[PDB]
Amino acid sequence: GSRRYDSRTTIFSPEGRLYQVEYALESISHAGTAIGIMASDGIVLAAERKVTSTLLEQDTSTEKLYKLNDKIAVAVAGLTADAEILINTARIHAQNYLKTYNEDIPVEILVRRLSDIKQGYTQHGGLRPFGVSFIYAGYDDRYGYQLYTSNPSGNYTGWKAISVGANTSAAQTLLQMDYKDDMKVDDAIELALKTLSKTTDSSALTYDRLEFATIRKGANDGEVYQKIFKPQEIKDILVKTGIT
Amino acid sequence: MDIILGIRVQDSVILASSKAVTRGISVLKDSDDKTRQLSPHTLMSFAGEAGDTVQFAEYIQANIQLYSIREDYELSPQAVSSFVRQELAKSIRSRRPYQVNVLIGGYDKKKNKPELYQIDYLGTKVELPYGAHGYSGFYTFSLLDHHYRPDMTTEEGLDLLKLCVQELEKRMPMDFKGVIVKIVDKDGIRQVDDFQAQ
Amino acid sequence: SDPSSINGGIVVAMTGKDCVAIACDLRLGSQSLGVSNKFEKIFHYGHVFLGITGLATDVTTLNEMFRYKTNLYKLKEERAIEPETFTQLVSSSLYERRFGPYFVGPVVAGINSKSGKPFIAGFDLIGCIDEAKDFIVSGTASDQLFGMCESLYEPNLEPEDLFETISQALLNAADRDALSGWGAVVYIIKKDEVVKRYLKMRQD
Amino acid sequence: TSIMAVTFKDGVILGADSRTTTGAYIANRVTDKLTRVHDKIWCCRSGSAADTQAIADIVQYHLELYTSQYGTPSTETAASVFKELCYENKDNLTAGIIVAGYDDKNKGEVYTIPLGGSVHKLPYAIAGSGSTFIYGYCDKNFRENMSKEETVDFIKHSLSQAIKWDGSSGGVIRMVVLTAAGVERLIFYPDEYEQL
Amino acid sequence: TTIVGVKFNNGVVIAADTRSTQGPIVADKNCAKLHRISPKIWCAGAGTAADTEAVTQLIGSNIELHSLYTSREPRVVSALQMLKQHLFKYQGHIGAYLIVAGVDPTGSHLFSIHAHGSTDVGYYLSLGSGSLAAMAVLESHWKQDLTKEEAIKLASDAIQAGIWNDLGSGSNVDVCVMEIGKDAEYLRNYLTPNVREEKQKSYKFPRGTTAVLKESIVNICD
Amino acid sequence: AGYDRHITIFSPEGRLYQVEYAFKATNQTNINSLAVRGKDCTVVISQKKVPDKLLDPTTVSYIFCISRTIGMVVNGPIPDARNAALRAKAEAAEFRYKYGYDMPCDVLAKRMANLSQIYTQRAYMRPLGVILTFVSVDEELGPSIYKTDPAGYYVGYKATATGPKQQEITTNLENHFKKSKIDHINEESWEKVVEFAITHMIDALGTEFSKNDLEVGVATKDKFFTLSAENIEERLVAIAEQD
Amino acid sequence: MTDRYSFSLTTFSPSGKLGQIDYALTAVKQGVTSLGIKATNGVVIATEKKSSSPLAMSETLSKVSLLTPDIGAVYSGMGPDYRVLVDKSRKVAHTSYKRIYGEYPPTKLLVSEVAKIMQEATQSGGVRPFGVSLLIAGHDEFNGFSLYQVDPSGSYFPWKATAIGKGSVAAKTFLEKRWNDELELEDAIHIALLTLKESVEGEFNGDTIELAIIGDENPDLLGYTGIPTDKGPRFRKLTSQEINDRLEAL
Amino acid sequence: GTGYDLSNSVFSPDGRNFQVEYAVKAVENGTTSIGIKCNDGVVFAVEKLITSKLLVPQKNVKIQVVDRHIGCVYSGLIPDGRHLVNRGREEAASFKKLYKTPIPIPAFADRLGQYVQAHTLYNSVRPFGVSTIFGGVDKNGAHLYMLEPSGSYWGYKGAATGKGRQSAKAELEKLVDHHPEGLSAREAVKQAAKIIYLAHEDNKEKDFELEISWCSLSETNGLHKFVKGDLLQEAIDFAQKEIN
Amino acid sequence: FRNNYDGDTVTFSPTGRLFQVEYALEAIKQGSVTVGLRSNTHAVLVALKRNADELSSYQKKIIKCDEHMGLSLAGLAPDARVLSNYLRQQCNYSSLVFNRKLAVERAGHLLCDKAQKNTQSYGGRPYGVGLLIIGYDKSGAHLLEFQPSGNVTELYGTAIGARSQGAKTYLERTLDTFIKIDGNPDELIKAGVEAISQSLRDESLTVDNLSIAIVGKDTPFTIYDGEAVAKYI
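Sequence lines, in order, name chains B, J, I, N, H, G, A, F and E.
Number 244 marks the last residue of the first sequence (the deposited numbering); no jumps.
Number 198 marks the last residue of the second sequence (the deposited numbering); no jumps.
Number 204 marks the last residue of the third sequence (the deposited numbering); no jumps.
Number 196 marks the last residue of the fourth sequence (the deposited numbering); no jumps.
Number 222 marks the last residue of the fifth sequence (the deposited numbering); no jumps.
Number 243 marks the last residue of the sixth sequence (the deposited numbering); no jumps.
Number 250 marks the last residue of the seventh sequence (the deposited numbering); no jumps.
Number 244 marks the last residue of the eighth sequence (the deposited numbering); no jumps.
Number 233 marks the last residue of the ninth sequence (the deposited numbering); no jumps.
Worth double-checking, as some hints may not be accurate.
Stated by the list, open to error - Covered by chain G, per the in silico footprint, the following chain H stretches (three or more residues, Cβ under 8 Å):
#, region
1, 65 to 71
2, 76 to 86
As the list claims (entries may be wrong) - Only pairs whose alpha carbons sit at most 27 Å apart, straight line, appear in this in silico DSS-like list of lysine-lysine:
#, chain 1, residue 1, chain 2, residue 2
3, I, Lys76, I, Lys114
4, F, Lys59, E, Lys64
5, E, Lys114, F, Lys62
6, F, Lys96, N, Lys83
7, I, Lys74, B, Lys99
8, B, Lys227, I, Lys191
9, I, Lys17, H, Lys201
10, B, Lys99, J, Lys110
11, F, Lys139, N, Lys83
12, G, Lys181, A, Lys50
13, N, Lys83, F, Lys97
14, H, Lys204, I, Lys117
15, B, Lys50, A, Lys166
16, I, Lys74, B, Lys217
17, E, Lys29, F, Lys48
18, A, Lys88, I, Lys69
19, F, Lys100, N, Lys107
20, H, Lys89, N, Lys83
21, B, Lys50, I, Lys76
22, F, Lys97, N, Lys107
23, F, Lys139, N, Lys105
24, H, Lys204, I, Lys190
25, H, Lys204, I, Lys200
26, E, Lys180, F, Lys53
27, I, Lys69, A, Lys116
28, A, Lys116, I, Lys76
29, G, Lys24, A, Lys50
Because the hints were derived from the structure by calculation, they are not lab data.
Ideal Cβ placement from N, Cα and C applies to all residues, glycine included.
Same shape as in the complex, but just chain B:
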């Protein structure tokens, strides 16, 4: 009966790859580039909005950068609506952990959980996997500033600097060339935007085409702060770093 219409989403090719995983990654390679860079005193997340129109409300808009916790954020490349499904559960998880332990969830624990949810769609259930790659920027008092990445397979790895979405090989090369371990955050803002600016398929890199965030120790405090840059603030920093 129903058998005939089943795509079999969770099977191996003869080469031992997962078709749906590879096809989903293909889909992700067409998405706005997202970059995350880690420094001693902070993390930068920068991302390109794919397609705009002058009628798009940039003030009310979020397609790339989402808060998980007061200490964790992600950049998204792929199917937005899929990412919201995951982001919402990741938010629930962070709170569960807080409720259980009275401590903010360590970054890895949150990243692993989400990646496990992703892996399941790969092995049982017969459902299409999530067409999403995440960069996670976070901070906890075990490992300090951490950057991770996870893709539709539910594999995740950690990074000093990373890109997802379009052109990641170009982006990765540039990053590998100019990244230095002692880099300070302000440097990283520059690097991240220079890299996006060189790798785009857009004619140039204007403020209306970016989302941007930092996780810093807040300068003046003694504790951690997430700044999701308002459209004006992006315009400012694009000039400060000389891309006007």
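Using the hints provided, position chains J, I, N, H, G, A, F and E relative to the given structure of chain B.
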């Protein structure tokens, strides 16, 4: 009920726990150790209903050990006590609630301080310099309110427990057969082999 | 025996001119036995304060539940919850447990960040809203609190005066209740700043 | 409560008092205890108001669905639906129900469904707490095949005795007359019926 | 608590007092007991107040949803049927005792609902600890075809009966008028015959009267 | 294969072929129906064809009494038709029981139209090969015609027709209404409204009917019912005089 | 019996496409034009009624729907899919929000509940995607006025103005040219009417065009008086007359 | 491309369910069976093929009783028929349980109708491979029905299905014409034997046994009963006599 | 034809055939022959048992269902183990609840309806075993033939399995004679062993190779194998 006393001094947490196990009319044992090590710097003592007591402690111990291996990391005392509190708070509204009261004595390595947590079977948790469950507070709190200093060495803490235990052996109608006394500090968990003659 | 009387404790809140105050004792008891003098019964989530009296385990649980839900709320709404909304959230969370209720008396106090209006509210243990403008009392000396507030309270007090009123209302009510006292804390709450004062009181 | 149904020559009449009490208090002095589950199938309710309402509503739902699929149900069918609810939920209901109906094949029928859920077809039926006082009277005065006016009189006299002695009964006497002619609702006020 | 409902020629009125009690203690001296099920169907409740609030709002919500689905104004019979079936299911454990009144395309309606799920229809009704005071008024003075003005008087006087004579009731009178032509009118605190007299003395304290151990500023910002 | 043509998923032109094919099925009976509204009644006329002599003509019907107030005529295979009928009856009874008033015609239609929308969306359910025309004299809206199809669409009508020769009747009624400038038949008696229906059916289709070639349903305030062969004959006779 | 279709009907093809979502957008492409314009003191949403018979009564078929007193929706694509989305959106506004906080959801949150229902139809066992794009217009105290588009994928984006369906490339171009940050609601209504005229073949009037706004509170639409903090719905469908009144000013 | 016939609930492009049409083929391939309505009852008859002497005569009964007043007979896949009848039996019990009265034949027809229709809604089931003739007497008359694999059913004056359905129909039409005021249960019984005998020319290759039942108000008191002994033999004679 | 329509039991072929059912039917035809027959006083089963090697045992073909009923199989043995087990329960239920021996005819109806459920639904397969059921009930002696199509037939005698047609002709010829062997258990069995011989092109029926069961008037269902069948070769 059993005797479950804790005191947190300058550098350590001391737990003292009675040795008797009575089933109705006979003392079946005079050397029972009412304690489970949860993690190398975290100790939990317990009293309450007969099987629930050890079932609960051992269940807690399993979970913390699981976390320790998963994370390759030792949860903070405060984290462990919250976990335990949540478990007991679940249990109070379940079909058959664990009737178990616990003290959790931990040395927090990140903060470099000892911490003592009192949690009854309702999941009523409080952090305290000293505590007890059941009737033990009624005989010992007044001595502890008197002599207690937050600056005490481990050795002063023991003499103060000694006194507490003597007030118990004078005025409490049950023979609880003495206490096993354990210290939790920066170096982990050790048993005072002599409180019989110390 | 009565889950609302095992642990002891009181909370009162009051409105004045462009402020609210919320107070509680610090006692946690095990019936006759005083157990801790550091058990704060007031909590805040952004600018909204919640006091909770009753069974202490439920006090603790509820605070953790409300932290959890207000966190998620801010993440989606992109703004801090207001008192009126929070009050509805307390109400429907309590009622969800209608036949296995949390044994608590909650009190909500705060200032609506947009309207500037001072707001207080109370519930019974299954979530009925006491919507009144002047004062809300809860806990084991609430008979006494009602007595104190009714005489002592007048409308539109300046913060510094509201402070004396709420402290005196609390302290003297607590001193006529066996299960309350052993410390007290008072929050004076304005649109821009929140002050917390610990009170000196008798320790029997 | 004092309720009754009586078959006569041209069909069946249901009657009832109108008092519902909670203890000594008359919660409602003008209750309608004559409830319609179909055009010409009615019932009289006694026992818990909550239970008998819930039952009559479910019966009216079942018979509206019957009608859509199979046309007009027999009175016996109505009785049987009532009974299924009453018997199968005996532990949780306190419903004493009399069912009365008019059919062209069968003419007037009366079924009594007392507390446990048993069914009994009868020429007439009395029930409710007021009923105990009119067993004698009713057994003496009921005859088969009366006319409309005789039947109305028998009910009127019967219920008024029941009302006279039962504190739980009172107010107005209501009747529903069920025949080939249609459906007639009667009401009789204390000032008339106390005079009998 | 005293709640009445009174039918008049072109509509229905409900009213209620405003005292809320916990045992012998007045918890609220002016709570609103008149509840809106939809714009023109309103509700007064006695019994467990979490329950009357909760049941009123659940049904209200389902009513709103029904209305949207059917493109019709809500009916009092629908509020009634949903309320009663819900209460019946919970076997009197939801402690809701309600007078429910309104107008809708078919006319004007008055009903009562009891915890266990039974309903009544009437031209005048009362519920609550004041039921009997109130009812002495409606039995004495209710008549066929009251004007709006006479109905408000009657309702209002029935609540007063309970305010003055029932310890369970006091403070003010709230009315709501639902007339077939018009918008429902809610008249919160229509009568306030219980203003507390001026106190004999002021209890404002000299500042510094209260002994303070420790002060500190609380952190509300991010 | 052409899998998108077997279950209700989108073709690359964004079509649902299974839904289109279900519309085809609605014509397999080769019966036409029409519905019109009176001043205070609603009339549905449907052709009755009984090919086989071995049949009991009294049991061949596409008109259903859904509730006291609501009637429904179906264009489509009888078994799908009866599946729709039994459901609508169940829905109309439950609505009444849950909310204390009779289900309105428009709302029944919306409900059955929603059930259909689901067959359009879940793979495991096929659409039904039927078009449903619901009629009543609704207590709020007066005389009503609401028609639902295998796509889950429905709307209200001044009058409407359905079946293979739908269009002929359709254009005939459009012409009538362009002239009369109002949105109903202006007759006080249902009798006349049935007469108008049959007349315009005869003119649109180019055929005469005996009393056995039609089937008729009438909604009035608080009743919907169907006409006997004899009731219809009286009506055929009437149209024949004066004409 | 029993849905034994518990695998995805939308999956990834070698190039990364999700065919069913693409095909759903195609269905939307052929839908009748609909548009939204946001002004400083309101939002207007509009579309053509494209009645399928003059024997139909076109006012018994709204394409513009209230979701809450302050939020309304319009669509392009499959009407029956829209209708059930509306049912589910009204409901979710109550179960996920009104029954929890005692107020209606802000626009973006409702939109995100609609979007999720749509996302799930893209991944759950045995269903197809909804063949519609919604425009949802609303107001709430803390966000002001807004306009959101939601597509078959479940993606949503905020707009100052936009069009979807049949003639949307031209209409969006017309709107980019006429939109500015200073428009008042009557101005937007006017633009909407002009933009619509471009896509509409036949008669253009208050009977063949459907238009709603999210504007001021209309207390005269509340149904009761005496609670001063309830001023009534901000959503209002314009009437046939109100629309014609504005085509003289055309 | 096609294949519209591989799967049960699929509409062909002209709107047909091929699987149902193929289920009809299994029916057409079955033994002939018939029903005749008389003026107070109904008579059922069926051809049973004697594959061999080894079949115990009289013992493999094909006609089935439902409740106390309904007879059904069918051609096609015999087990399908039984399954239909098991359902009918549940369906009548339930009706009687709830409503006390025995199920009216029209009511009963629809119960089978809905169930058989149900089996054209999904691809996880197959349609019934039978046509069922059935009926009996109720509170207002005799009723005779036939129900196809699509779930289509109507009331009949006489009905026939299986291998010999054309002769049977033609015979049945003759009766309806040559007896316009009715036929009696007695006449119907004989007339049934005759028609089954005539029907048996298309299966001329094998021997057969005749099986008859009836339900008549006057002759069986509205209860379904198998025609046994003397009446069966008389009926056989009539058909034998009238074959020449 | 065949090709596209034999993929599952839920699909008709265009001529109205059920191919998975016919394929299951086909597993019977390649089973080892077995014969049933009965008089008015007894019923007899005889089956030819197949080994696998000359090192293996001969696989059993007769299963007892109750004191008065039992059967033989040809086709998939585990399918027989399922169906006879069900029959065991049906018999048992009847005794436990009604204190009544299950009629051999009801047994056939129950088997038919169990088989049928596996020919109309998705994911099932038909049974692929054929069955001969003998019994002695309140109406005397009975033999039934079950086919996994669900067709159950009551007969005087029959055979199923490879080359069963021999026995089936033999019995069809012997009919008037074997039906009369009343009160002579040994004669009827000898009549059955003759029938079964009509189906050996094969070889020769031997003592670890023949299996016979019998049930009748004062005889509980009983099975003979080995030295216990010697007197019949």
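Consistency of the hints with the structure:
1. For the region 65 to 71 of chain H, the stated coverage by chain G holds: 4 residues have a C-beta nearer than 8 Å to a C-beta of that chain, and at least 3 were required.
2. Against chain G, the region 76 to 86 of chain H contributes 6 residues with a C-beta closer than 8 Å to a partner C-beta. That satisfies the three-residue criterion, and the hint holds.
3. Restraint check for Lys76(I) and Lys114(I): satisfied, since their Cα atoms lie roughly 19 Å apart, inside the 27 Å limit.
4. Of the pairs offered as hints, the one joining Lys59(F) and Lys64(E) holds, with about 24 Å between alpha carbons and a cut-off of 27 Å not exceeded.
5. Simply put, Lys114(E) and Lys62(F) have alpha-carbon atoms about 18 Å apart, close enough for the 27 Å limit, and the pair holds.
6. The suggested pairing of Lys96(F) with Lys83(N) holds, with an alpha-carbon distance near 13 Å, which does not exceed 27 Å.
7. Restraint check for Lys74(I) and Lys99(B): satisfied, since their Cα atoms lie roughly 17 Å apart, inside the 27 Å limit.
8. Distance hint between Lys227(B) and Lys191(I) is fulfilled; the C-alpha atoms sit about 24 Å from each other, no more than 27 Å.
9. For the suggested pair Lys17(I) and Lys201(H), the alpha carbons sit about 21 Å apart, so the restraint of at most 27 Å is met.
10. Of the supplied pair hints, the one linking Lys99(B) and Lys110(J) holds, its CA atoms being roughly 21 Å apart against a limit of 27 Å.
11. For the hint pairing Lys139(F) with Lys83(N), the CA-to-CA distance comes to about 22 Å; that is within 27 Å, so the pair holds.
12. Simply put, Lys181(G) and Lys50(A) have alpha-carbon atoms about 21 Å apart, close enough for the 27 Å limit, and the pair holds.
13. With a C-alpha separation of about 11 Å, the suggested pair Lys83(N) and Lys97(F) falls inside the 27 Å cut-off, and the hint holds.
14. With a CA separation close to 23 Å, the supplied pair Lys204(H) and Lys117(I) stays within the 27 Å bound.
15. Restraint check: the Cα-Cα separation between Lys50(B) and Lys166(A) comes to about 23 Å, which is no more than 27 Å; the hinted pair holds.
16. The straight-line distance between the Cα atoms of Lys74(I) and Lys217(B) is roughly 21 Å, inside the 27 Å bound, and the hint therefore holds.
17. Restraint check: the Cα-Cα separation between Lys29(E) and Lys48(F) comes to about 25 Å, which is no more than 27 Å; the hinted pair holds.
18. The suggested pairing of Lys88(A) with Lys69(I) holds, with an alpha-carbon distance near 24 Å, which does not exceed 27 Å.
19. Annotation: proposed proximity of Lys100(F) to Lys107(N) holds, straight-line Cα distance about 18 Å (limit 27 Å).
20. About 20 Å separates the Cα atoms of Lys89(H) and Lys83(N), which keeps this hinted pair within 27 Å; it holds.
21. For a cut-off of 27 Å, the pair hint linking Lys50(B) to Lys76(I) stands: about 23 Å separates their Cα positions.
22. The hinted pair formed by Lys97(F) and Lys107(N) meets the criterion: a straight-line CA distance of about 24 Å does not exceed 27 Å.
23. Proximity of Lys139(F) to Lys105(N) is assessed by CA-CA distance (about 10 Å); at most 27 Å being required, the pair is judged to hold.
24. At most 27 Å may separate the alpha-carbon atoms for a hinted pair to count; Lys204(H) and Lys190(I) meet this at roughly 20 Å.
25. Taking the CA atoms of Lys204(H) and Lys200(I), the gap is about 20 Å. The hint holds against a cut of 27 Å.
26. Distance restraint check for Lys180(E) and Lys53(F): the Cα-Cα separation of roughly 15 Å lies within the 27 Å cut-off, and the hinted pair is therefore satisfied.
27. For the proposed pair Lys69(I) and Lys116(A), the alpha carbon gap of about 20 Å is at most 27 Å, so the pair holds.
28. A threshold of 27 Å between alpha carbons decides the hint, and for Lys116(A) with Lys76(I) the separation of about 14 Å falls inside it, so the pair holds.
29. Restraint check for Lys24(G) and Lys50(A): the C-alpha separation of about 23 Å stays at or below 27 Å, so the hint holds.
The structure shown violates none of the earlier numbered hints.
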